[PDB]
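4 protein chains.
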Amino acid sequence: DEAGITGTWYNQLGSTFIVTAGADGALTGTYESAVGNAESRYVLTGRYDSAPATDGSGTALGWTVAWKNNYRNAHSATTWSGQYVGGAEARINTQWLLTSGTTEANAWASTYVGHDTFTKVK
Amino acid sequence: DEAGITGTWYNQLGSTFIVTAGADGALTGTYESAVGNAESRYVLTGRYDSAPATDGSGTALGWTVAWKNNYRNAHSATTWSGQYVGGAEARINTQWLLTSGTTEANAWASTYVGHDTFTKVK
Amino acid sequence: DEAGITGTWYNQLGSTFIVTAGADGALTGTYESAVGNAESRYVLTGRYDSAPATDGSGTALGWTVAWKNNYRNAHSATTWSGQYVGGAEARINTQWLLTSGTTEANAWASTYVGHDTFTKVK
Amino acid sequence: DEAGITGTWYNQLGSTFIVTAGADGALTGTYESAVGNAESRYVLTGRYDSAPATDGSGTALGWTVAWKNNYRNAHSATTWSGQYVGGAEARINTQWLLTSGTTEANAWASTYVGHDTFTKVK
Numbered sequence: 013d014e015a016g017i018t019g020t021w022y023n024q025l026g027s028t029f030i031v032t033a034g035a036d037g038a039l040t041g042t043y044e045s046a047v048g049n050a051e052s053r054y055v056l057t058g059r060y061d062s063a064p065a066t067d068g069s070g071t072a073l074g075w076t077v078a079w080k081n082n083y084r085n086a087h088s089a090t091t092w093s094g095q096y097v098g099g100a101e102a103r104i105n106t107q108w109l110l111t112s113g114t115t116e117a118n119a120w121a122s123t124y125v126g127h128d129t130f131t132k133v134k
Numbered sequence: 013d014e015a016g017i018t019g020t021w022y023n024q025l026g027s028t029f030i031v032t033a034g035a036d037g038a039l040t041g042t043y044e045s046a047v048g049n050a051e052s053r054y055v056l057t058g059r060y061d062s063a064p065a066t067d068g069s070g071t072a073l074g075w076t077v078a079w080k081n082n083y084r085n086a087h088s089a090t091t092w093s094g095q096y097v098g099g100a101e102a103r104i105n106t107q108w109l110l111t112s113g114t115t116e117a118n119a120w121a122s123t124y125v126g127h128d129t130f131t132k133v134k
Numbered sequence: 013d014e015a016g017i018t019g020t021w022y023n024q025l026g027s028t029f030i031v032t033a034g035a036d037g038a039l040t041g042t043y044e045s046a047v048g049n050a051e052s053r054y055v056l057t058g059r060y061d062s063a064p065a066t067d068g069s070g071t072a073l074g075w076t077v078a079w080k081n082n083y084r085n086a087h088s089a090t091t092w093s094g095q096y097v098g099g100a101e102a103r104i105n106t107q108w109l110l111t112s113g114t115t116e117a118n119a120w121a122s123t124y125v126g127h128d129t130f131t132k133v134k
Numbered sequence: 013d014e015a016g017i018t019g020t021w022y023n024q025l026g027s028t029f030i031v032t033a034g035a036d037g038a039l040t041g042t043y044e045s046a047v048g049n050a051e052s053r054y055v056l057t058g059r060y061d062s063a064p065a066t067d068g069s070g071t072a073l074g075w076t077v078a079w080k081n082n083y084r085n086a087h088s089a090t091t092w093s094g095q096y097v098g099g100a101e102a103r104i105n106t107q108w109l110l111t112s113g114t115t116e117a118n119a120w121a122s123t124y125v126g127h128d129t130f131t132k133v134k
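Chains as they are written, first to last, in the deposited numbering: chain B, 13 to 134; chain D, 13 to 134; chain A, 13 to 134; chain C, 13 to 134.
Treat the hints as calculated values from the structure; they're not laboratory data.
Hints are not guaranteed to be accurate.
The list makes no distinction among identical chains, and a pair is therefore deemed to hold if it is satisfied within one copy or across any two copies.
[What the hints assert, rightly or not] Calculated cross-link-like contacts (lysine to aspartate or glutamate; reagent style EDC-like; alpha-carbon spacing at most 20 Å):
{"id": "1", "residue 1": "132", "residue 2": "101"}
{"id": "2", "residue 1": "134", "residue 2": "67"}
{"id": "3", "residue 1": "132", "residue 2": "13"}
{"id": "4", "residue 1": "134", "residue 2": "116"}
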């Protein structure tokens with residue numbers, strides 16, 4: 013799956029996820045969001061299961077973006093948790109958590125939840 | 013918050029989170045879970061907002077563990093998304109998503125959600 | 013949207029959501045799941061915003077099923093939280109939480125998270 | 013657990029949850045939020061497992077509030093998904109999803125996720 017995961021992915025929002033999968037389970041790359049308080053590329057790092065099951069199961073993985081770069085700081089971080097599913101129409105199916113820095117009074121409303129589906133075309 | 017985040021953290025379950033914060037926004041270290049299909053330490057990587065707001069808000073961060081090491085492989089990955097809050101009773105307040113690799117028939121039940129509070133003592 | 017919400021809805025798994033929207037903001041009906049520890053219909057109840065914004069926003073709603081009926085008891089409950097979007101291809105876009113009754117030792121793993129999209133055809 | 017669940021509950025934010033558990037698995041009552049775009053009481057409805065496991069497990073339940081009443085309309089709905097744990101320090105441990113009505117361009121940011129713990133005192 014190192015080969016499978018490594019490359020350029022796109023989600024349903026038109027965001028771009030550029031990733032390299034290391035032999036050691038590492039994910040490194042950049043994320044470009046089409047929405048929200050974001051412009052240009054942000055560093056991402058993550059992990060994946062480098063010895064997945066042989067029973068037709070997907071490959072668990074996840075990664076993080078902190079929404080600071082040379083242009084903008086959105087004082088937030090998203091984590092994607094999902095699985096990679098190989099084959100002619102390869103997908104990464106994720107759910108995510110976006111947390112903002114907040115005061116203790118607003119901490120109840122700190123975290124958004126959603127879902128992103130990444131494909132190799134779009 | 014580089015100083016504040018770097019070190020050993022403990023959650024409500026007895027898990028141990030050993031992290032270094034980089035000047036560049038990186039998180040690197042190891043995670044040892046007190047529960048589930050886990051033994052010994054697992055690599056983690058993540059990101060944090062290295063220039064947080066000065067209005068008394070927390071510092072957004074996240075990280076990932078893939079549940080594979082030299083002892084076990086749980087074919088799963090957890091991402092934590094949260095904020096660091098400083099001061100004498102410093103805390104990392106997180107929500108997490110744990111995704112298993114599944115077949116497509118079982119993909120609806122792939123992902124658990126929970127919440128973990130990390131402190132510097134116990 | 014009382015008229016628009018009331019009726020039979022189908023999700024991407026083949027599940028059947030039969031609902032009546034009350035003028036008072038009540039949702040009542042039955043849920044038949046195509047997957048998991050379930051057979052036949054289960055009672056559902058919920059609420060919706062009966063005076064939504066007129067700026068082209070969706071209508072917020074949610075409901076609960078407890079997975080007990082005369083055939084089976086899965087010792088669990090799912091809540092759907094979402095919005096109704098009207099028009100030619102009407103949808104209810106939801107995220108859900110499924111909690112099982114658990115011992116205190118397994119309560120970290122009590123809750124699944126997912127997402128369901130309901131349409132009037134399928 | 014009909015008797016255990018029925019009554020007045022309070023969460024860590026100082027919100028008030030007034031519920032009646034029906035023999036039929038119904039939950040009905042009122043919710044008063046101490047935070048957000050809310051004042052006074054809101055209708056709630058939900059479900060619980062009225063025949064839980066006898067092995068020490070918690071009792072699965074969930075409920076919904078639509079944030080409209082005679083005073084305000086926040087064009088939103090929260091669903092709590094959780095379990096009732098009986099005894100001298102009785103608890104309802106929940107995770108919640110708050111969904112706002114949005115335009116389709118803001119729908120990625122429609123949903124908050126958090127966690128509330130309800131006790132009989134405070």
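Results for each hint:
1. 132 x 101: within (8 Å within a copy, 27 Å between copies)
2. 134 x 67: Neither: 29 Å inside a copy, 30 Å across copies.
3. 132 x 13: within (14 Å within a copy, 37 Å between copies)
4. 134 x 116: between (40 Å within a copy, 19 Å between copies)
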